[PDB]
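Presented below, as structure tokens, is a lone chain in the form solved without the DNA.
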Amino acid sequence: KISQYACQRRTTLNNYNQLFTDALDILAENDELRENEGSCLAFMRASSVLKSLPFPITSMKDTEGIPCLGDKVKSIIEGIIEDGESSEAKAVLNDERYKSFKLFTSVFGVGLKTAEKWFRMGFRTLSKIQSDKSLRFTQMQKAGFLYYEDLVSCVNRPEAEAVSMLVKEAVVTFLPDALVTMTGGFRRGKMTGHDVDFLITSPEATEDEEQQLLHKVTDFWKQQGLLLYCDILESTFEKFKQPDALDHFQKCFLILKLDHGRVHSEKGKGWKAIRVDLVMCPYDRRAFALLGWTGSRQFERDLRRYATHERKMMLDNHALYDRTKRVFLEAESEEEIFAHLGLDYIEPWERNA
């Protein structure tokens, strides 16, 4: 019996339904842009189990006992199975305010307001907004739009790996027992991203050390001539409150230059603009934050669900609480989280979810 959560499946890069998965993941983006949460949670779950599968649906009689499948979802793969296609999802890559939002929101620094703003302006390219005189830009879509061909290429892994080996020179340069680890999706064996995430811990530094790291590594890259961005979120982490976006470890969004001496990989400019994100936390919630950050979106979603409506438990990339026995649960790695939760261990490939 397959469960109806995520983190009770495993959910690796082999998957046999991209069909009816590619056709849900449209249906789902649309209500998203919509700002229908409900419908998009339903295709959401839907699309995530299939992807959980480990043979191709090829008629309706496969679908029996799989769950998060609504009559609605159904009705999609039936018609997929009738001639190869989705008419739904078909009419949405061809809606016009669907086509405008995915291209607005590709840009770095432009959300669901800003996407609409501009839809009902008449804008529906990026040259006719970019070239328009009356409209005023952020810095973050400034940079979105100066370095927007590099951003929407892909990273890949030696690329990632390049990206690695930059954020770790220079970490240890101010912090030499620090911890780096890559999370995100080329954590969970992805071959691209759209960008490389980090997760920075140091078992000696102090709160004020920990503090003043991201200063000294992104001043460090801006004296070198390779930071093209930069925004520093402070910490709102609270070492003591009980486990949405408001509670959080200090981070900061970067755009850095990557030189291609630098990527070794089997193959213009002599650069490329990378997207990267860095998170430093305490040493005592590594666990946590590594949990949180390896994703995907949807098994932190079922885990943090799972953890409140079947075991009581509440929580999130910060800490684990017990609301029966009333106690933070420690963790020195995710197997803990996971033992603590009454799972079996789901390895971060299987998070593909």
Second form
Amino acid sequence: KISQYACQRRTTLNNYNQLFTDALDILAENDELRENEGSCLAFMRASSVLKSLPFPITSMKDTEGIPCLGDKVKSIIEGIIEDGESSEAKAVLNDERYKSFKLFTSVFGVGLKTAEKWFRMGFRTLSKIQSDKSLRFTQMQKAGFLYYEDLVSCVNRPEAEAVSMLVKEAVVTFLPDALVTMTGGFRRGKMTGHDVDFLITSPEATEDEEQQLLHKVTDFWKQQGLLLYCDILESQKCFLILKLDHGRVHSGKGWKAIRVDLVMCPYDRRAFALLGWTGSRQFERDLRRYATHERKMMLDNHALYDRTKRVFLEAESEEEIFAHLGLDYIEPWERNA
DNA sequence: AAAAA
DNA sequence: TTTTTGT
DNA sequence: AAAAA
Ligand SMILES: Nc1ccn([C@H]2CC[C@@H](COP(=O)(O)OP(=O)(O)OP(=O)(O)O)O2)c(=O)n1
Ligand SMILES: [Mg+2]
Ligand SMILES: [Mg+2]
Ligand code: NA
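Beyond the form solved without the DNA, can we have the form solved in complex with the DNA?
And the full complex, kicking off with our chain again.
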């Protein structure tokens, strides 16, 4: 029996149902834009379950017993079985609102609210937005337009590794006992990503040392001329754009703009932070949903709390978090829900 | 949109 | 039916 | 702020 929870499924990058999931991902994205949160999440859960299947759906009998596939979703699957295409997803791909939202939000610093604003103003192209004399752009959007081609090309493994070296070299300069772990997609075995994410922790650093590290590391990069964009969120994390010199990559202008995210956590909470930052987003949502609805527990990136026992559960590894929740251990490369 | 309360 | 959906 | 991350 397949579980409705991603945290009770093993999802690798070997997708046998991309015909169905690409259509479901488009329908979900449209519902996000139309502020239909419920319908959006239902199409995301249906897409996630199909990604876990060890075989391709070739008939409607194949969908029997699979959870998260209600009547609406089964109609979409039936249509794709019929002629290899989704008429519903095709209509979304040709919709002017959907096309504008995809194009506008492809800019770093532009989300659903700004994309909706520009569409209602009558904008349809990035050229018309950038050249407009009345529009005022945030610092994030200015960086998003300036480094657009580099950021839209995404990041490969040689680039991510080159970035890992830069992060580790900078971090150990200020905290020599610090542990730096690449998280996100790359930890789950992905070949590419929209960014490179890292978790930093130190077993001997003080409360003040822990607080100052991200400021020290980003100032160091600013001094080198490598910091293209920086936003530090106090507890603690930062959203960056780094200048990655081609010579650093072991695989034009001679460099590439790379989106990098850094997270600093207290040593004793490192397992919770690693689990939260490894992802996928769907795996994390279902872990938290399972904890709440199935175990009466509260899970977040910092802790696990048992509401019945009225106690915080400690963990030195991800394996211990899974054991507390009563879940079989899912490896990082199996969390691609 | 699907599943549970 | 209403509520929940990653507080 | 709100928005974006
Ligand atoms: N809405 C989100 C977004 C992110 N995360 C967590 C898990 C993934 C980790 C990385 O965030 P992203 O870098 O956006 O996700 P990604 O899994 O690494 O995908 P990509 O490789 O394209 O960056 O943060 C999350 O829990 N919920
Ligand atoms: Mg990432
Ligand atoms: Mg990210
Ligand atoms: Na964006």
